[PDB]
Structure formats: C-alpha cells, structure tokens
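Engineer: In case you want the letters, here they are:
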Amino acid sequence: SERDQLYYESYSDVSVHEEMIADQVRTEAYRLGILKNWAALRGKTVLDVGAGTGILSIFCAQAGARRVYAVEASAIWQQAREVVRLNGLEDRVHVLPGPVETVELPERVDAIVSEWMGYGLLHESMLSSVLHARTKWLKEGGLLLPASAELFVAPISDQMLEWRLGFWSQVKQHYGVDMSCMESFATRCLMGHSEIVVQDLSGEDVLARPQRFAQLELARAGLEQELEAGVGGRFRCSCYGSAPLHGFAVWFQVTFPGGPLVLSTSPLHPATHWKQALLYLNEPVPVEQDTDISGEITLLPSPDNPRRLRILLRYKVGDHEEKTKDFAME
Amino acid sequence: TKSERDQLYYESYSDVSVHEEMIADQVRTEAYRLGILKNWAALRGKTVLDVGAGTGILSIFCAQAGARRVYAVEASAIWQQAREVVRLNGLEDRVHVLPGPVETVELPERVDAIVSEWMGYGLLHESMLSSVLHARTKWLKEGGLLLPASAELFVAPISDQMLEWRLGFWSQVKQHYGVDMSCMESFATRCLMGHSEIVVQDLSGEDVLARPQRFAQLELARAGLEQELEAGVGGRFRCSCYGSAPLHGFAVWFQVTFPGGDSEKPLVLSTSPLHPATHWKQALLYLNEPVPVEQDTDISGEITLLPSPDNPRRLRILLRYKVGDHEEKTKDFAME
Ligand SMILES: COC(=O)c1cc(O)c2cc(NC(=O)NCCCCNC(=N)NCC[C@H]3O[C@@H](n4cnc5c(N)ncnc54)[C@H](O)[C@@H]3O)ccc2c1
Ligand SMILES: COC(=O)c1cc(O)c2cc(NC(=O)NCCCCNC(=N)NCC[C@H]3O[C@@H](n4cnc5c(N)ncnc54)[C@H](O)[C@@H]3O)ccc2c1
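Sequences listed follow chains B and A, in order.
Under PDB author numbering, the letters of the first sequence match residues 44 to 302, 307 to 377, in that order.
Sequential numbering of the second sequence, starting at 42, is according to PDB author numbering.
Among the hints, erroneous ones may be present.
[Said to hold, decoys possible] If you want the footprint, here are the derived chain A segments under chain B, 3+ residues with CB under 8 Å:
id	segment
1	52-60
2	94-108
3	224-233
[Stated by the list, open to error] Pair ranges (Cβ atoms, derived):
id	chain 1	residue 1	chain 2	residue 2	range
4	B	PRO307	A	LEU359	32 to 42 Å
5	A	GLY365	B	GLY141	26 to 36 Å
6	B	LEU129	A	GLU238	28 to 38 Å
7	A	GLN216	B	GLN242	42 to 52 Å
8	A	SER223	B	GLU377	43 to 53 Å
[To be verified] As a list, the in silico DSS-like pairs of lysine-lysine whose alpha-carbon atoms are at most 30 Å apart:
id	chain 1	residue 1	chain 2	residue 2
9	B	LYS215	A	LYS43
10	A	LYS306	B	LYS322
11	B	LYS87	A	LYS215
FYI, nobody ran anything at the bench for these hints, they're computed from the structure.
Quick reminder that beta carbons are idealized off the backbone N, C-alpha and C, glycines included.
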C-alpha cells in the first residue's frame with residue numbers, strides 16, 4: 044500500500060507519459076492495433092487499464108467503441124479527463140480514478156486495452172493489474188489488446204561494451220599515456236555486477252538466431268498464479284561466427300488480434320523506449336561459428352520488492368560447464 | 042550521513058565509469074594536457090602534488106612536462122589502478138601514487154606546484170575545492186604554482202530550444218495521432234519548470250538570449266579564499282536580450298585558466314554553451330514559467346552559489362532577478 048501509492052504517483056509527472064507517447068514505434072503500434080480491430084470493437088464496451096493521459100481510450104472510441112472506461116490510479120487521471128473533454132468524447136469515454144483492482148465499473152466490458160509492459164516485459168509488473176481486471180470485469184472470451192506477449196533471448200556481442208572496454212587501449216593515441224592495463228578493471232566493473240542493464244543494441248550485436256522462450260496469452264485464466272512463481276523457459280542456439288560472447292539480451296513483443308499486428312522491441316526492429324534487457328556474463332567468453340549455447344531464463348518478482356524484476360539465468364557455452372547468474376533490475 | 046555520503050563517493054570513484062567519462066571528455070583532458078605542458082618552465086625539475094589523481098593521467102602529464110617528482114594522491118580504490126598506470130608507463134620512480142584523502146596524506150616534502158581537476162557541476166557542487174585549498178596551505182611552497190590558477194563563473198539568460206519542444210509537444214499530438222492534447226501544456230510547464238532543482242543539461246549558442254556575463258572569479262592562490270566559499274560565491278549581472286523569444290531562465294557555467302609561462306597567452310578550459318561540449322554541460326535555472334521578452338529587454342539580478350544547509354557538498358543557488366518592467370522575483374535552487 045505504501046509501495047502501490049509510491050508506484051502510482053511516479054506516473055503523476057509529465058515526463059514518463061511524454062516518453063511513452065513520444066515513442067512512435069509504441070504509440071503507432073497501439074494506434075494501429077486498436078483501429079485494426081474496428082470490427083470487433085464496434086459498438087462494444089472497453090476498459091483501458093491504466094489509461095494515463097487517456098490517449099489509448101480515444102483510439103478505442105475512434106475504432107467505434109460505444110463506451111470506454113478509462114481507469115487510472117495516479118493524479119494524471121485529471122489530465123485525461125480534460126483530454127477526453129477537449130476531444131468531445133465525455134459522453135462515451137469515462138475517466139474513473141483509482142486502482143483498477145477496486146474501481147467500480149457500471150458493467151462488465153467486451154474488451155480490455157492496456158499498455159502495461161515494463162523493462163524486460165515484467166519490471167513494474169502491471170500485468171497482474173491487467174489480469175485482475177480481466178477476471179473481474181472482462182466478459183467470457185473477451186478481447187484483450189494486446190492479446191499476448193512473446194519473450195525472446197539472443198546471445199550477444201555488445202559493440203558498445205567492446206568500445207568501452209577497449210577505450211583504455213586507445214588513450215595512448217589520444218594523449219600519449221598508456222592505459223591498456225585498466226582493461227580488466229573495466230571488465231570487472233561493467234560485467235561483474237548482477238544488475239539487469241537496459242540498453243539499445245542493434246542487429247550487429249546479435250550472436251545467434253533469437254529464440255522464443257515463453258509466450259503469455261492474456262486471455263488464459265489462472266495466468267496470475269504463474270507470474271508470482273516465474274515465467275520463462277528453455278532455449279538453445281548456435282553462434283553466427285567468431286566474437287567475444289558478452290551474455291544475453293532479453294526482449295519481448297506484443298501481438299494484437301488480427302481483425307496480426309506485432310509491437311516488437313527486438314534489436315533487429317526499430318528502437319523503442321524499452322530497448323532490451325542485457326544479462327552480462329562476468330567476463331567475455333570467446334565463441335566461434337556453430338558454438339552451441341543452451342540455457343534457461345526465468346522472470347520473477349524480487350523477494351524484497353514485488354514490482355522489481357529479477358531474472359534467473361542458467362547457461363552453457365559449448366563444453367565450458369553449466370553456469371548460473373542471478374539478475375535484478377537497478 | 043557523512044559516512045553514507047563518503048561510502049557512496051568512494052564506491053563511485055572506485056568504479057571505472059566516472060573515470061571513463063572524465064578521460065573521454067577530450068576538451069577537458071586535452072586542456073589539462075596543454076595547460077600542464079605549457080608550464081614546463083615552471084615544472085622542469087620541480088615537485089608536484091596532484092590532488093585527486095584518479096587514474097594518474099594528470100600526474101603523468103606533469104612528469105612528461107619535466108617534473109622531477111609527482112605525488113599523486115587519490116582517496117578512492119582507483120588509486121590501485123593509477124599505480125598500475127604509472128608503472129606501465131615506466132614512471133613509478135618519479136610519480137608516487139599515495140592512497141587516501143589529501144587532508145591526511147604525509148608528503149616527504151612540500152611541493153613547487155599543485156595540479157588538480159576538482160570542478161563539479163555548476164563549478165561547486167560536490168566540490169573538491171576545499172581539498173585543493175587545504176593542500177595549497179599545507180603542502181605548497183611560498184609562491185608555488187597552481188594548475189589551473191583560477192576559475193570564472195558566467196551567467197546568461199536562455200531560451201532552451203529543447204525545453205520549448207517538450208513544452209509544445211502536447212500541442213503537436215493531434216497533427217500526429219488525431220488526439221488533441223494541448224490542454225497538457227500548462228501541466229507540463231509546472232512539471233518541467235515549476236520545481237526548484239538545478240538541471241544539468243547541454244545547451245547550444247542558439248539557446249543564449251544575451252551576452253554572457255561573468256559574475257565571479259576564484260583565484261586559487263589567495264589565502265583566506267576559504268571564507269568566501271562558505272558565505273557565498275556570487276555576483277550581480279545585467280544584460281539586454283538579443284531578440285524575441287520566451288525566456289526560460291538562466292544557464293550557469295564556468296571556465297578555469299592555466300598560467301601562460303612560455304607563451305604568455307592564458308589557456309582556458311571552457312564549459313560555455315558557445316564552446317565545445319564537456320561533461321559538465323551547464324547548470325540550468327528555470328523560471329516557474331516562460332516569460333516573453335523582445336530585443337533589448339533588460340534583465341538584471343544577483344546569483345549566489347551557496348552550500349545547502351542539510352549538506353555542505355550539495356550546491357544551492359539563490360537567484361534574484363528582474364525582467365524588464367516586471368517586479369523583481371527570487372527563486373531558490375538546489376542540485377538534485
Ligand atoms: C530523471 O529521471 C530519470 O533519470 C528516469 C529514469 C528512468 O528509469 C525512467 C524510466 C521511464 N520509463 C518508465 O517509467 N516506464 C516504461 C515502461 C513502464 C511500464 N508501465 C507502463 N506500461 N505504463 C503505463 C502505466 C499507467 O497505468 C497506471 N496504472 C498502473 N497500475 C495501475 C492500476 N493498478 N490501476 C490503474 N492504473 C494503473 C500508471 O499510473 C500509468 O499511468 C521513464 C522515465 C525515466 C526517467
Ligand atoms: C578513505 O577515503 C574514503 O573513504 C573517501 C572519503 C571521502 O570523503 C570521499 C569523497 C569523495 N568526493 C569527491 O570526490 N567529490 C568530488 C565530486 C566532483 C569533483 N570531482 C572531480 N572534478 N574530480 C575527481 C578527481 C578524484 O579526486 C578524488 N578525491 C576527491 N576528494 C579527494 C580528497 N579529499 N583527497 C584525495 N582524493 C580526493 C576522487 O576520488 C576522484 O577520483 C570521493 C571519494 C571519497 C572517499
């Protein structure tokens with residue numbers, strides 16, 4: 044309650060809603076994903092879980108929803124009421140303040156729309172709120188937007204990290220002072236920790252074919268029990284070539300029903320504010336073409352904080368013995 | 042507490058990231074390189090104290106400039122890496138890395154010169170200045186050399202184009218997505234401008250609304266400078282706007298100046314938005330809301346850099362200001 048209240052009012056500031064709507068890959072994907080469901084939303088009722096400024100609710104109205112209930116727990120709900128009023132939709136889009144867990148809707152709804160994903164998919168873990176509203180207020184077999192999330196893992200050779208490690212071998216060319224001996228210290232500092240690092244990679248950093256290691260269907264009942272215990276699964280892949288293996292990037296996509308539109312955070316797709324979630328090994332591990340990497344990745348809430356993402360990594364490079372690493376978000 | 046702050050600072054400077062930023066800062070590292078090498082005559086065969094040596098790169102520049110002995114004093118765990126950096130370049134006979142605070146180090150001798158890179162954001166936030174002044178009094182010989190010799194503080198009124206774009210962003214949602222969100226503008230201004238925090242951000246010359254005014258100078262060689270630091274480094278200013286724009290507030294930045302010696306022309310390391318970027322960026326002091334001004338609009342007031350009452354290392358800035366015919370206003374800022 045102390046946490047929930049502190050977590051909600053982190054969204055009472057403009058900067059995080061600005062960043063979300065300024066992410067055009069995200070916002071266009073949601074806009075299209077909603078509008079493309081015009082046939083299934085037309086004449087139907089909708090619950091926007093965590094409506095924020097209310098922009099997703101208004102796309103739902105544009106898709107022909109007859110009513111949208113925009114439920115928002117933080118102070119930003121006042122802005123959304125004015126946005127709705129300003130767009131002339133106060134008769135069809137109803138901003139209700141409070142947590143979706145305890146708000147009273149006038150009715151069960153035909154559809155849920157929500158943008159609930161955090162870093163590494165489940166950090167902040169608003170997903171439990173969405174699934175709570177599904178059970179309580181979505182009608183049987185009702186539409187969820189997006190409908191599902193897919194998790195991906197790929198082994199990586201991070202060019203940024205390389206450049207930072209090799210920075211110390213370059214100081215001589217720049218200023219006449221040799222500093223190559225700092226490299227191992229830079230390695231321990233940048234890789235030896237146990238934090239999930241949130242950073243933008245590109246296709247150049249991907250060391251093998253991405254593997255989908257879990258799918259979460261939002262419409263599947265009892266998925267709330269699974270989240271507390273951890274979701275994820277196993278993977279196996281083979282390296283493209285020779286490079287220092289730095290670890291793994293984890294990312295996700297969300298899929299809207301076809302009416307199929309996919310919002311991807313892959314480093315092979317245009318960048319989003321989510322970037323990717325990097326799991327560095329303690330030190331770089333040389334690999335070559337067809338090196339076999341297998342393992343298991345599990346996304347869990349942290350013991351100390353149920354909204355903080357933790358990731359249990361088990362891996363095995365070639366024949367170098369199975370290792371594990373325990374990661375938590377900063 | 043102080044033990045909380047000191048442990049957070051040990052841990053920070055014991056980590057590679059902050060040193061990578063300072064050395065990657067080519068404007069800074071190169072100025073110090075030229076500023077030191079330019080003073081070879083003063084430094085040839087003399088002794089040097091490097092206050093806060095970090096990785097030792099400044100102590101090595103000193104040895105490269107002809108110094109016979111350099112004491113490279115560094116309080117964080119990074120002293121161990123600097124010891125290896127000195128050994129790698131074959132300098133451990135001339136450069137001695139000593140761990141710990143400069144306040145408690147014991148040198149074998151007093152020194153001919155002090156070099157230090159001690160400047161925080163807005164010059165004095167997190168400042169190692171008091172460490173440098175303490176080493177000056179205790180270890181520098183009479184008439185010894187200080188590198189850099191001085192710092193100067195500058196203020197300018199600003200129309201921050203990036204801030205403008207964030208303020209107008211909500212007015213541009215409809216053209217992009219069909220949803221009118223221009224009612225958000227007032228709310229965004231309150232968030233982005235209504236706080237009392239100093240914001241550290243890069244600006245360009247396009248942001249500077251009037252001639253930058255130097256309002257203070259710090260001459261490191263002056264004994265009893267220490268008393269001015271606790272009461273306030275500050276000064277008064279007046280300027281006239283270049284043209285029409287919304288006035289968002291003021292930018293504060295600094296330069297430091299190395300003595301000429303061989304060339305007599307003084308090398309300046311600048312953090313002005315008119316000069317190449319550095320990691321110090323600028324300290325922005327936003328008004329509660331934009332104020333429209335035009336060509337030759339008068340702007341005047343007083344700026345005082347102070348320590349915060351709760352934390353002496355945390356920079357506080359008192360801004361008193363007057364825009365044209367508006368009434369004088371004040372706003373009290375602290376670093377986040
Ligand atoms: C100086 O600053 C820095 O340096 C900084 C550092 C960062 O690390 C920064 C990180 C950022 N990124 C970030 O924060 N999030 C990116 C993904 C987030 C995941 N959440 C999500 N999808 N958003 C929509 C959620 C909306 O639903 C509401 N809601 C929640 N539960 C509810 C419930 N039960 N009932 C009703 N309403 C509920 C919320 O109130 C909100 O309106 C941004 C800025 C950052 C800045
Ligand atoms: C037993 O020791 C502990 O447990 C300890 C105790 C402290 O109280 C600590 C206090 C710190 N605070 C601090 O650095 N604030 C500055 C922030 C902006 C300005 N920085 C800048 N422009 N360049 C930094 C250049 C290098 O100067 C070193 N240094 C700093 N002050 C020093 C001193 N008195 N003597 C010797 N070396 C000192 C740093 O470590 C750094 O590498 C850090 C670490 C500390 C460690």
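Engineer: Give a verdict on every hint.
Structural biologist: Verification of the supplied hints:
Coverage of the segment 52-60 of chain A by chain B holds. Counting CB-CB distances below 8 Å, 3 residues qualify, and the rule asks for three or more. For the segment 94-108 of chain A, the assignment as covered by chain B holds, since 5 residues bring a beta-carbon within under 8 Å of that chain's beta-carbons and 3 suffice. With a threshold of 8 Å between beta carbons, the proposed coverage of the segment 224-233 of chain A by chain B holds, since 6 of its residues qualify and at least three are required. Take B:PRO307 and A:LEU359: their Cβ atoms lie about 59 Å apart, and the range 32 to 42 Å is violated.
Checked against the hint of 26 to 36 Å, the pair A:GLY365 and B:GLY141 fails, with Cβ atoms roughly 46 Å apart. Between B:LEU129 and A:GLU238 the beta carbons are some 30 Å apart, a value that agrees with the proposed interval 28 to 38 Å. Taking the beta carbon of each, A:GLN216 and B:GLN242 are about 32 Å apart, not inside 42 to 52 Å as hinted. At about 35 Å, the CB distance of A:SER223 to B:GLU377 disagrees with the hint of 43 to 53 Å.
The hinted pair formed by B:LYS215 and A:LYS43 fails the criterion: a straight-line CA distance of about 38 Å is larger than 30 Å. At most 30 Å may separate the alpha-carbon atoms for a hinted pair to count; A:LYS306 and B:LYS322 exceed this at roughly 48 Å. Among the hinted pairs, B:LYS87 with A:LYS215 is consistent with the structure: their alpha-carbon atoms are about 25 Å apart, no more than 30 Å.
In this structure, the hints that do not hold are numbers 4, 5, 7, 8, 9 and 10, in rising order.
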